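The chain that follows stands alone, in the form deposited in one PDB entry, written as structure tokens.
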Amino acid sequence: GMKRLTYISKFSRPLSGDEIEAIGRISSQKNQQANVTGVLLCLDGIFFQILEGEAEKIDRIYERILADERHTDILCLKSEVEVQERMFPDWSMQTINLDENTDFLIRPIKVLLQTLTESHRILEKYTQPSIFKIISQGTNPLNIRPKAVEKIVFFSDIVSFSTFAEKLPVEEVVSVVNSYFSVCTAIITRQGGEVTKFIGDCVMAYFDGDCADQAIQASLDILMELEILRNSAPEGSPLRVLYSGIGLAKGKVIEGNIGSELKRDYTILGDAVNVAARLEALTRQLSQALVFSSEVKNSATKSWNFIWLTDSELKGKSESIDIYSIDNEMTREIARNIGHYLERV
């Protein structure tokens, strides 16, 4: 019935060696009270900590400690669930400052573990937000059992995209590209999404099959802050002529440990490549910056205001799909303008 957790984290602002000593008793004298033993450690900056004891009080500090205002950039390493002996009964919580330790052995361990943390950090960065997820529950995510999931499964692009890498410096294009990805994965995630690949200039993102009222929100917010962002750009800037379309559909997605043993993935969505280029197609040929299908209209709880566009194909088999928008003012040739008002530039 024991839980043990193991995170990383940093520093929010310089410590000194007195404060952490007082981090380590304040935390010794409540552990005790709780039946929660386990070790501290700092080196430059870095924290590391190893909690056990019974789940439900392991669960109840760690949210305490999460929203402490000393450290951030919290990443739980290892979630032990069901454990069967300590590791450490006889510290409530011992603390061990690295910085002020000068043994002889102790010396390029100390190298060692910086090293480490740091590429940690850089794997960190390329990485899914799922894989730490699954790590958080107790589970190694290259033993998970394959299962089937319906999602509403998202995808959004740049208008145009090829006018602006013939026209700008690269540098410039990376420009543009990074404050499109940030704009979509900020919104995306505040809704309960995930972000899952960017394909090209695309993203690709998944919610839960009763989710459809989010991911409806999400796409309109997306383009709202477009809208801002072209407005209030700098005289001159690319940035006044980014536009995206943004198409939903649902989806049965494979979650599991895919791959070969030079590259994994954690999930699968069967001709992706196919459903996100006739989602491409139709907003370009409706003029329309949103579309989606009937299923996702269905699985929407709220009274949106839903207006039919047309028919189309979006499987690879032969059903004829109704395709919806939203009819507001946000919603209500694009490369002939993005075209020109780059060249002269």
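If you superpose the two forms and keep the largest set of C-alpha atoms that fall within 1.5 Å, you have the rigid core. Positions refer to the first chain, counted from 1. First, how it differs from the form deposited in another entry.
Once the cores line up, the CA of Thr95 ends up 2 angstroms or more apart between the two forms.
Once both forms are fitted on their core, a CA shift of 2 Å or more is seen for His71 between the two forms. Relative to the superposed core, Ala300 undergoes a C-alpha shift smaller than 2 Å between the two forms.
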Contents of the next structure:
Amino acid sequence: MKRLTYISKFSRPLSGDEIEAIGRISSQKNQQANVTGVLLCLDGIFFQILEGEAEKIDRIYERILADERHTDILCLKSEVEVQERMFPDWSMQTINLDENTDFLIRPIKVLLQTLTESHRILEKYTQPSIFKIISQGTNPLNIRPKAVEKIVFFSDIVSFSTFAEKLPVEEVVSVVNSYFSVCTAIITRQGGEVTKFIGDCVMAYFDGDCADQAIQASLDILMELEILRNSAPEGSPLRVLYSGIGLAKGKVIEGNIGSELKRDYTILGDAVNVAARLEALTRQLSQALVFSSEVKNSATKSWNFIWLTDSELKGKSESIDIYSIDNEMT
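Show the form deposited in another entry, please, the one above being the form deposited in one PDB entry.
Only one chain is given; partner chains and other molecules are left out.
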């Protein structure tokens, strides 16, 4: 028996009778799948708890995510291996709190709207990786630091300073946000983790043995930016949006770094400097992507590697061989 707690936002106003409809059909289908649950709503928020044989709970969740009447689904708690039902009588109890006027419910309702509204805001300033840890029972604050090998990804906008100097405030922030959205979408898709924004710079990291995914994410970004420059409206700043990318591999510390006020779950190590140095090198070269030989040698696909005989490393130890990929992008 799995059990699943999630909250979501109405995709549009819903009458109490439309919510009742969701309640009824949910009851008929849950009663068949052995599922019991409770569906709460409170001023445009859905809350649901759903429990049953995991396999069937997974299918039900999957089509719940497919329903157009709510959006911003966030799984708050996923319990596996539960040995007893919380609400064993209700296939689906629908509790509409907008209409419930009991006086013991008065205070509990106002807190719930306060905490949920607050929590929804904090979500957008949080990395979605923390929520994956939270949902699955682990308190991320209690993870202990560890030394681990990573591919470190650095990307930085070329000559961002001139956007700022010649463009309105709203427009400059639109350019950098568009860039971070393109990069974030592609890195996450390839298994990487965007861990920090540093001005016009994206710092992400991949598992140590995911050099092929790092290289492919980098090539797809460069492809996505080319398509974005060519397709932008007449006179759009997106037409002159270029990026460099540097990749390096090495052993870094991963853990909670910060003060009492505020911590980050992120990495720390020399491989971060190297990837930053490699990314800056791309201003010197005609290639937009450069990466270390340890990245080259950790790739398993037969990439079209090109050896950059001009290495140029400063602040490093042994001379660093720099490679790129030879294609029409570079």
